[PDB]
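With chain A's structure known, arrange chains B and C on it following the hints.
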Amino acid sequence: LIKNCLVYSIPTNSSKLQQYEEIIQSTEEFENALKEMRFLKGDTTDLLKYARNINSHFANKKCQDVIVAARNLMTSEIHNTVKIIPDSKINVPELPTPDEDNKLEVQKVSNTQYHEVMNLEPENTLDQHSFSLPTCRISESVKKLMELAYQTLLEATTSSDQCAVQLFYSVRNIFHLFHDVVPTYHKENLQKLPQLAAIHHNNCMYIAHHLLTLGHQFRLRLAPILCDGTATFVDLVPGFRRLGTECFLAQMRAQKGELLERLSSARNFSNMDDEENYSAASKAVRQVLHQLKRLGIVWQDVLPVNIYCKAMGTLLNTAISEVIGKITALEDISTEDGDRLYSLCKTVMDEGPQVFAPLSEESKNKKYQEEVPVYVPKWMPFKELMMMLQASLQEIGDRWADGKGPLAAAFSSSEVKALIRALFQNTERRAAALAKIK
Amino acid sequence: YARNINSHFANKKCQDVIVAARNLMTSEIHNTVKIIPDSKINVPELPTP
Amino acid sequence: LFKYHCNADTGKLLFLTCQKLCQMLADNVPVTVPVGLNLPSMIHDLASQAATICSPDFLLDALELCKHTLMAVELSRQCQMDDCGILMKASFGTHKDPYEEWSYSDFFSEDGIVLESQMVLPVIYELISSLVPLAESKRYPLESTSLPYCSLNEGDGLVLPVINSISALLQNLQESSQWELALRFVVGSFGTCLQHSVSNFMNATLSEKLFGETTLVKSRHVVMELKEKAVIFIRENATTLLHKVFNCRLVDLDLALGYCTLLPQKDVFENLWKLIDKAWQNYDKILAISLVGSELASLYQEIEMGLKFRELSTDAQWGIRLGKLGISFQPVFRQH
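Heads up: the sequence lines are chains A, B and C, in that order.
Quick note: the first sequence, position 242, residue 242 per the working numbering, numbers continuous.
Quick note: the second sequence, position 23, residue 23 per the working numbering, numbers continuous.
Quick note: the third sequence, position 336, residue 336 per the working numbering, numbers continuous.
Some clues are possibly wrong.
[Stated by the list, open to error] No farther apart than 25 Å at their CA atoms in a straight line, the calculated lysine to any residue pairs in the SDA-like style are these: (1) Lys310(A) / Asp97(C); (2) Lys256(A) / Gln151(A); (3) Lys187(A) / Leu46(C); (4) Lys187(A) / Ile276(C).
[Unchecked claim] FRET-style restraints, in silico, Cβ to Cβ: (5) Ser360(A) / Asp82(C): 49 to 57 Å; (6) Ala20(B) / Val82(A): 15 to 23 Å; (7) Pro96(A) / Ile18(B): 51 to 59 Å; (8) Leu24(B) / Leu120(A): 44 to 52 Å.
Note that these hints are calculated values from the structure, not bench results.
All residues carry an ideal CB built from backbone N, CA and C; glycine is no exception.
So here's chain A without its partners, still in its complex pose:
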């Protein structure tokens, strides 16, 4: 009887609650007759205790049909992406405006006629880039969840206070469930697919951005139990960021753990005169650039422009600072070595800036492809080490500029001395050059 008759008799609207009273009465006589007919022993059974719980049996329904509808669209293995325009953001269906009784103090303001104001346009400027949402690709599930939450919040405003409070805390529960379901269910696909990590990061930064202004948009329309400041969503903002960051860097360390491995065949960049040591060195360098090319293609038009460029610069910094350390730790560099080391460095500069592709159109790529040193911090030392590889001793002395030139700011004096000793043989000219360098 409970699982087939009393479950479906529970109303879905608070207006129909009173009509349930007869069901409470009609059950009791059904309880009494079986007591007079000796079909029961006691007085209180589970058939009557379930009927008296109609209060909770109401809430535990209204607070689950909005939760199950969320988790239904959260465990789907089908992935979709939608682009977010900074100007156009989803708005609530028309906000509940207050009554006209508060318009007595409003019509006295909308009666002034001014013409000296429209004739003057202040030139004051603002840095509005710090309060918008940059272009990104968010999963359609997150957008549908946000629209469901907006609909639930709108519906809570046109009902009794019990339903409003239950729906508001069910909306809070929706994000609480989101914070724990997606990372656990997609555990396999957040390690092997670089695109999904960026998609998850974008979803978190979208939800965190919306949660900041979600509370204020319904501050004066809910019940007075929630109109003073307790109803808010700021507390969850710090957590979601940490959810969107740690997941992304887990992809970074996985990628770095490849590049260095692809450099394991570099053989410490020694004995370049050997043909095998040249071939095995070219093998590592081709694959290092190829990995970054494919990764940038995968991340193209997914991450925002700033973070994509910063992550690419960060990966390239680790790619270049290992080769720089290998070169600066060498001992013998002959004339043949000074040519092949420059040849290996040539490919990196030829196809380095060519990896950056923050947008889809080819014309927009070259604008960002020329600001590589702004993002990559160790670009200048590698440029200097390039042109030192075939520079003469007197040219090195000139470019040192007595500790004031680009080479002085690039490396350290002892490093330059060691590199010169590895480059030039034991001559009095080398001693004079070392005396020039302090």
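Here is chains B and C on its own, set in the frame of chain A:
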């Protein structure tokens, strides 16, 4: 080159519709849409005689 | 079982295991933890796995457990912990992190007094045991143990010990300057406490014939008293958090704007001007305050204050521009 304006016309009209295709064909971003058997995309109103 | 036997029974088993783990930790039983596994992290992961694939009837209890296991994990992360390896938080601020400081430094962070773990975990796990009682009996549809059917007589109620447990941890978090955590633990606990009384007792026509009138009056009084406490506490939390946000070098404007919405309507700007009166020691702080004030005035649809905030922002920008050189903008700043 000026006397070839015939072909230079066609080789334009026959490429702006091709490049626009290959542009949307090499994208690495994947999306899926469900197809309902009853509702199929129709041409904008057909040219009647 | 979670890898090979994904179904409702596995979810129920995982929920029971996670329930028993919290009870065992609450009873101060020393259990040998293998080296390399975080205990609160493993509790939270088990709760999440139970919540993902559980039946719709167990979904609410699993979600309630997940809401609090994450809070326990966050409390543990602020404490120096062992038996998993090295989990000392001060090891993070001692040196600069290459990978992290372009996706972390853009957001506000708070570093206060290090929390001692002996006073945190036993209280919070006993709270978890109290909030989610051990349930093994048959569950009829539309029933739970976190939004239950219970009477509130003179002194009868499960919320009463929970209030004292929250109060014990709240004062501890106050003196440790853990305001960022305190706001979340206040809001999350207040929501559950409000629901525990709301879920039954505002359908007056139906409630009187099932529980009487005096119980309704008692619930009405208790809700008002708890709300009056919470309103006063939230304002004091938010003011201090707002004070601490702006003192940083790279001020997080996005989070400061969110923190500004907690205060009442008319007293935000009144505070902000006071904040600009403790200002003019650094123009960058003035610009950061002016941007937030302009954004909040626009959000409040207050056109009049927006012009003043924009003029102040322009004055701060000109002051910074002149401070780059040797020109001083002091004598005329914030005048006509």
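- Which numbered hints turn out to be false for this structure? 2 and 4
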